[PDB]
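Single-letter residue listing:
2 protein chains.
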Amino acid sequence: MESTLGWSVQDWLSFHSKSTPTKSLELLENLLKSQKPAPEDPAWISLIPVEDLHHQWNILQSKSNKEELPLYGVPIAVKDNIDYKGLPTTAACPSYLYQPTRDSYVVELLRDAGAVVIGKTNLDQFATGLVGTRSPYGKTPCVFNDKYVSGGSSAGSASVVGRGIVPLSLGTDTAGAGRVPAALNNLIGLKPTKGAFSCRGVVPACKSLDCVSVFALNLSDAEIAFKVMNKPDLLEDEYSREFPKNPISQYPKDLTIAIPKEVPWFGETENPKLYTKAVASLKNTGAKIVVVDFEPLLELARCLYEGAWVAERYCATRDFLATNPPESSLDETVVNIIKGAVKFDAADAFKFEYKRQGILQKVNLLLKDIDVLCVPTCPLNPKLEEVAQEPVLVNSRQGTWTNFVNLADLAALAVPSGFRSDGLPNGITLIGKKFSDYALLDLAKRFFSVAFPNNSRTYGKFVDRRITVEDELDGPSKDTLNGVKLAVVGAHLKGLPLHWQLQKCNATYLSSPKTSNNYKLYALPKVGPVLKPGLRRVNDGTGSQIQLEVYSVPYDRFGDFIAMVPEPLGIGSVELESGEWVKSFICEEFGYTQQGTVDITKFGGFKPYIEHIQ
Amino acid sequence: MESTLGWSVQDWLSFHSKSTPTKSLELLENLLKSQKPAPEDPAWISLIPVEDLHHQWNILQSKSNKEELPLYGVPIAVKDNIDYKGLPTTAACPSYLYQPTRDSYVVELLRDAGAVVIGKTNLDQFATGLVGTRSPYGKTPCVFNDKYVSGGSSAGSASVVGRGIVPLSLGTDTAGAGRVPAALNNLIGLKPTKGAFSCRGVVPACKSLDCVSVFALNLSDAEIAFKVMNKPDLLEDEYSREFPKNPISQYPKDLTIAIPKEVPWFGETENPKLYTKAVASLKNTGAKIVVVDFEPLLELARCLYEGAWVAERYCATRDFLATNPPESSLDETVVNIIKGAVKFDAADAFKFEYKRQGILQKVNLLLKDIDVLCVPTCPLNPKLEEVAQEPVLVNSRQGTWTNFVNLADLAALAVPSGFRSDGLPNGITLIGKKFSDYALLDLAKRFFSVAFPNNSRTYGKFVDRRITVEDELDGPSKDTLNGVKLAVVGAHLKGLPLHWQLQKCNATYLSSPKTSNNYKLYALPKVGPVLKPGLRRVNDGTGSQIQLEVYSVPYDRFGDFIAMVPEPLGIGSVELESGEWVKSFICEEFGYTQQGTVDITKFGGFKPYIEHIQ
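Heads up: the protein sequence lines correspond to chains A and B, in order.
Take the first sequence: its position 525, counting from 1, is numbered 525 in the working numbering, and each next residue is one higher.
Take the second sequence: its position 461, counting from 1, is numbered 461 in the working numbering, and each next residue is one higher.
Same shape as in the complex, but just chain A:
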């Protein structure tokens, strides 16, 4: 009838828009029928019954402003880690199987945004691994080549978006499980700033470090997902934390990107090529690339390995393990790992925590200079064979670049970097300070325009298709501003010499209105190398309207900005064509009174004027 495989969020929406509440249930009805559970498709642990689909779809029908839910009837998958009321939760352990009577906060949000859950996706037992092989439900393969591992622990979620069954899936990520699988499947892996997404209704692994995460095929959809799940939840998740107002949206073009001085590849020879390339590619966005000694960070990861954090896993599972459940239910590697906790007492937990904080001091000194870390997502693309032969060594290696991110409270975005000779994908992860998530998205779009020029970027398994438009970003929503509505008229307008002064203060554009009928404009005598105007409210009726640009300037930032404003300009209030009043550039009478003040009200705004003695 049609083919859904590889449809973006947008694709799915526009279909549903020009189609009907039965014909678009048809498409979902048999997308669901085309899927297999169990051992037959190792990617899916359970699928929704056909009747559950109907039920979700009914509720989607009560919703009254349908063509506004940013995710209306978009199918999605969820690590069998994260509760959904419709299906059981397992954590890739058949005997751990419980039924939640309530959605995950995060599922609940996406359902409210109009999404349809399709089934619980397969993971490394108890989210413990970066391979994707450590599950009794089966070994999920890389979407490109069945000799190859999918990555873990979010194995099924990466696989199912990778072959485009679904445009979005959820994973979790403590130490790489939402990053490593992006690389191996040519996907986008967003590891949100910690605490931004709630973990209510997700089974605890390392609670104090855990994050729900998202796989998509493009920046576009990753953003949509992130906007929908970045929601507080304080009283029901002990590690939730509200995002601040005025989140940055875009780094400066010459932002500082650190790359590591020592890069271990462990024998790999293809992956270093793609990395080297990626860096050069950043250089040509105009980023300042600086080579940094990552020792403190690798010190921080050695904590995770030597410390008692394993005991978090133990804390979460020890009652169940005392149940002494059937052995064919447990992955021995996972169980063994988790029981390492027994050797650590309360005092050791603290001793290691002291060490964690010590290293954080160093780590915080390093990051103060730097905006973004660029890191290979992972050294290897392991074969199923290699991890069977080395079930541990391979796992550690895949943890090289991912382990420190959560312990240092950073945000990260795993993004594709091209293809090795053998036709398999790898990538880089961009790591930013907390709350930088929209800016990471933005920086990735900027890296894509260089590294896959024109529109050559590929997605998931679809090596023969091209992103045109699906890597575009909304940026943060208006909901998130809390600034001063300030109007500009001169050097601060788009393109004019001082518009940077607005960007340095993460000013956000609002609109281009005109002043009311009350105003006059003047070129003041050129002192510096920039020519500047100067508004004037004068009411002997003789005033027309001047062309304005209005920007929200974040409250905590306005000082930074007004420090740059010299005599005889200032910030007062100008009345708009709207009758509304708004903070704005004004001028001491003195300024427009000097010799060589040209009246410029004639020309409508400052724009025309500064181009005709030009």
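Note that these hints are calculated values from the structure, not bench results.
One copy or two, it doesn't matter: identical chains are merged, so the pair holds either way.
Dumping the calculated DSSO-like pairs for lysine-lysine here, alpha-carbon to alpha-carbon at most 27 Å:
| hint | residue 1 | residue 2 |
| --- | --- | --- |
| 1 | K63 | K227 |
| 2 | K355 | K231 |
| 3 | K231 | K362 |
| 4 | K288 | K277 |
| 5 | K231 | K351 |
| 6 | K227 | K362 |
| 7 | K227 | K485 |
| 8 | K485 | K434 |
| 9 | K253 | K283 |
Keeping the supplied structure of chain A fixed, place chain B upon it in accordance with the hints.
Chain B only, in chain A's frame:
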């Protein structure tokens, strides 16, 4: 010659400034000699031998700013918990004795600022207790009466400062040891924001909760000590953290002060009479007292008794106990409290941390609303023999207000509230948010001037002496500032109706310059109930000089300020008498052109014209 007993820091300083080095030294020697170690004075574990005094004195004399040193030649004591290189550190356990190479940073900062260490003071063993009695070296009495307990664990430090022996002492505070001994000895106990004062070179107890603290006879001395010790030490104390720029120096006159709904006294009859009177004096300062459910805070405190924090003590101390050490050198209650930690898995420790985090989510919501908490410092004035009956009960009742402050990351100040009919002191601890230390000191001063009207405040044992000038405050020094220099000319002046807007944005007064003679001042048409002026710069030589006050407004808070500036005023710039420019209130043309404007230039400033107009 005269008696040193009860001398302020300033007493010490003005003697040295009017005396010869030799004569000063004599006074220090005499002082030193009049002291007796333990057991004959239970307060002192060790005194410096005369040759260390000389050695200290000499290092002082080597300095070429010696007079400009805020603590020049002031004697101080330090808890036998805190390293001074000239004496042994004990933690009040004879067999723990060791002899440090270097000073603890905090003592090193005191020394650099001129302090002379006279000796190490007695504590509850390993700083475990709120009573002062858990010590092999002796049971230190309340400086007011022999049959009463000094309070712990900083027991010595409160004795010597209470007896006017030394104007400043160092203690530590995990769950009340900097606070309870102040209430009980009529002292000021400053417990700073976590991480403000370094913990390098102090023996850990609950390392993730430890603060070094300060006792003093008066606010002024506490502030001075604070300013010297509040310095970052990130690379050598993994819990050290720098104060940000622009710390608040004063709460608004009408700040919110929370008190508890339910206030347990455990059969105390005297103490509640003091607490109620303290509450009333604070109502009398203009404060808004709110009755708050303290349940969440009390949940956090019983997190510490029930939880695995006691394992931090074990952590600090297990190697030492393994070396099966002499029985007689140990306090059995103490070692039992500590050995109680072996019950706890790493995984239990995390479980308790999850809970702690959950309670904090509730605490931080409860507190956003509030500026300060007012709490009885401690319910009881325990007698020595009451403690010998109840070596555990009394301890924990004394903990009913102290146990949540550090777990929640708060600042605190234990301050005196008067005397119970039987002649004993108690008081009030004021609890503020992180980095609020300066404003807490100022609030205490405000409290005093109502609680102890026309200079009738007592200090230490000195029931017959009167605080004249020593509770006065410098506020934070100017190098803590980072703001926009802003001139005001009108209703924002000191004493005028809109001045509150500068305090509410945490503005700091700089000075009172005039403009250059290029200025006119106008009283704008009275519209609201608040009259307003406007500056006009004019070139034509017809200007004059107008009074201003110039403030520093944190860059941080300037948006909040400008947001309250309406049409026709603005913020631009003023040239000062000095030729310097400086942000200033300015005014639209349209402002001083309106029907009803008065030229007010002849008055040389807004204030003279308001008083004339009356």
